[PDB]
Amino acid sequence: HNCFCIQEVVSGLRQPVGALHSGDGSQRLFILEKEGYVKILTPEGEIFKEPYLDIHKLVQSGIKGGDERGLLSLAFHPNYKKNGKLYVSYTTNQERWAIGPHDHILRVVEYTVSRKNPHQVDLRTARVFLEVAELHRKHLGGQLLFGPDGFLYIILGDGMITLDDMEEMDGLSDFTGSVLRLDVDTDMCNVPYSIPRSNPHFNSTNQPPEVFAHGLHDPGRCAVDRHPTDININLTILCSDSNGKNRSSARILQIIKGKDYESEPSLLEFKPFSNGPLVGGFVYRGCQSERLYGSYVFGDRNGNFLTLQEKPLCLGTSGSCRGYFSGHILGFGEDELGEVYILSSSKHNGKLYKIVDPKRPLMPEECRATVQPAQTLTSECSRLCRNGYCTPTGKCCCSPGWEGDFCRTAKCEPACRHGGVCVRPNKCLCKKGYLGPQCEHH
């Protein structure tokens, strides 16, 4: 019969959680390691010695078992090629919040690539967007993505947070179990992000404006469809929810183009799975396989695959085109060419497997993309905007006590006198003979 093939691309990874591309012409594959590493895979086939991101000490990763505490997701800005903007979701043990009893906080942070190195990011550019208190080490979610509408979606799990401990607290979270929707493209320096005008709860200040839809418990890696087959819909995220009590179910969320949402869409739930919890899914929109195109592909820990109503995917080890892998499946991946990957470790050594349709060429003629080697940023907010941050749109925002177009001039709120010069915020250089923080005493 007609099966597919898993092909070993590279090995020796430290608990691979997922893989994605940057959407910038270069065909780099960014592999995320649970411990708080991001590693680059060149289209030639190397893993660059130096990691793209090493937020090592910041994250307390999961030791062994049913843990879920490492690095969670990564998303590149749709305009990354011009603004070098990352977004990362991870778990940190390092805060002094006066919340009381809690396990950790789930942080969502943006970053920027170093202007003097396209293959590594500078840790100074870190900007927290969100921090979410957590009580347990399961049902966390964390998956990040950008819709074809340009907004950032954060998919957050249950956290196993009961209604007890919800009220029994000077609150926390209330973003948990929801899909958030954020407009990152802001010109306003008052906030890290803007609320989409079409989000429900845009005004009504009694429900959170960031919450686009709720009802999620333990979501897997959710399948994200950017070309939904239903003309009416323009983005579809479909999640496998573990539900906890093995009552596994699929929840589907449909985003409609140019519609001002009255209230939240319903997380439409159905049960097409016969048994067992899945790691997650992906929608294949690649070039290498004609017949797979469009199929929502879901998989479990052991390596059993489905297609949406569930139709199994055999991986016939026929001839030399294998179908067996080592250990269990941990996450999934995507090419800049649309080709899909599976990641699995044994429990050092982590593997990366590409999916291949044996009925079609390995590297087919119409699938070729002429590679564009990655480049340093050239934007005006780059190499000019000093002292303060630099929005995804290019608007240079100033850290307190700086003003001007590029935060070049320094502010002095008590005002420097006697021919004094304001050099840094409230710092003040006086001409000989004058003393005091504003040169006020002679």
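Positions refer to the first chain, counted from 1. Superpose the two forms; the largest set of C-alphas matching within 1.5 Å is the rigid core. Compared with the form deposited in another entry:
- Among the candidates 38, 396, 59, 416, the CA atom that moves 2 angstroms or more between the two forms after core superposition belongs to 416 alone.
- Residue displacement note: residue 321 has its CA displaced by at least 2 Å between the two forms (rigid core superposed).
- Once the rigid core is overlaid between the two forms, residue 261 counts among the residues whose Cα shifts by 2 Å or more.
- Core-superposed comparison between the two forms: the Cα of residue 11 travels less than 2 Å.
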Given for the second form:
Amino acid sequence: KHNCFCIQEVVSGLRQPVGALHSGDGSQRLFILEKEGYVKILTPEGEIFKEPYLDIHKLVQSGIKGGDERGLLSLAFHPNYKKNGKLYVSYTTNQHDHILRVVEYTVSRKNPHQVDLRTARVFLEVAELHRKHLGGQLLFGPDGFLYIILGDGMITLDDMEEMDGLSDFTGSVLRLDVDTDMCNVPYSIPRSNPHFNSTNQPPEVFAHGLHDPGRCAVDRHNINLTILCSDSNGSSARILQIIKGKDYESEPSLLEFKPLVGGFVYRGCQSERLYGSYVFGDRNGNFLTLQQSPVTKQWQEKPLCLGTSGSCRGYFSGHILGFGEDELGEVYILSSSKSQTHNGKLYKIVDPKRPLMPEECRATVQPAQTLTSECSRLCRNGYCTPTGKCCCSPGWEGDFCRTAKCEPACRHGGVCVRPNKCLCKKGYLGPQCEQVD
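With the form deposited in one PDB entry already on screen, would you show the form deposited in another entry?
No partner chains or extra molecules come along with it, only the chain itself.
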């Protein structure tokens, strides 16, 4: 047993952590998601900032029982967050049982370590009848589009035919183009989408037929895009390769051998031998590798063992709640135990055959800077699209929505100050300064 990997505790004191990811800005911050509705920052020196990066625990409806999937579900940073400060979160909230929101946020202009809560911009609201099979994973592909993985919500045919106003998004991989200059809608539909300009099915839907998906593995590489998801109907533990336009109802898995939390594609630097592997794990820490045959394109699973090497250990506390990836590509376990309140932990996966810092893995921290995009500076009245288009609130216009509109116009030298509000010169009265005193 010389081929094993091992697990290194990085931080503890977390409250039900569900995942972790970086923001791609060079700062090597790791953002840890906590189920009740928090996002904490872990610095590359290993400190957790006191102030959460994002606190939406009052907006978030979370569940005390473990099988209750309600809470904060996923987070994705825009590929160009370093310049536009855009991020996307999915979470459950109250309004029949609850609503699954996908919302855009922008980091604050003054503080690169805190989101501006005022910049919430709702993209989707998906009705939910039950508290399982939710999904919620947000991710960006090499194409630059935003993918959204939704489970079936345990919604039956009778539930949907009877109750109108159910979203029809449940059970689907949605693909959005968030880089729009259009102001009438929060996102535009990619033309590559299979139901683009098609009245029969929602244009957002990229694929469907998902039931209870885990965290899906996303490969970056060099042809197109590969997304592998675990799914368990309810036992029925299958793994699916996501392709455009496919219906995965009664679809076999890539594997017959053999519930899984999810998986990841290792693109880190610390392990050479693991580079490019698809890895999936269950809640108890049993891990497997998926290898595709270049010849047949069939998939095969092999076990991946953990073993102790010094303080890099072959075991960890509690159950795996989620996975993480840092800006260097290394991967993490998020686990929690019952016990006290904050018994959640962040662990790193380590290849003990290799140094912790091989020469080629060195990378200089570029500390996070405040936004400098022209839009964020000057877009006073309205919101900025991820492209930098300043979208005016009603009653405003100009390149950055600085000039208010007055219809009819202010008279006698009056100034249009706010929408349809005229500041009159002394001696002139009325809503447009039209009456002479």
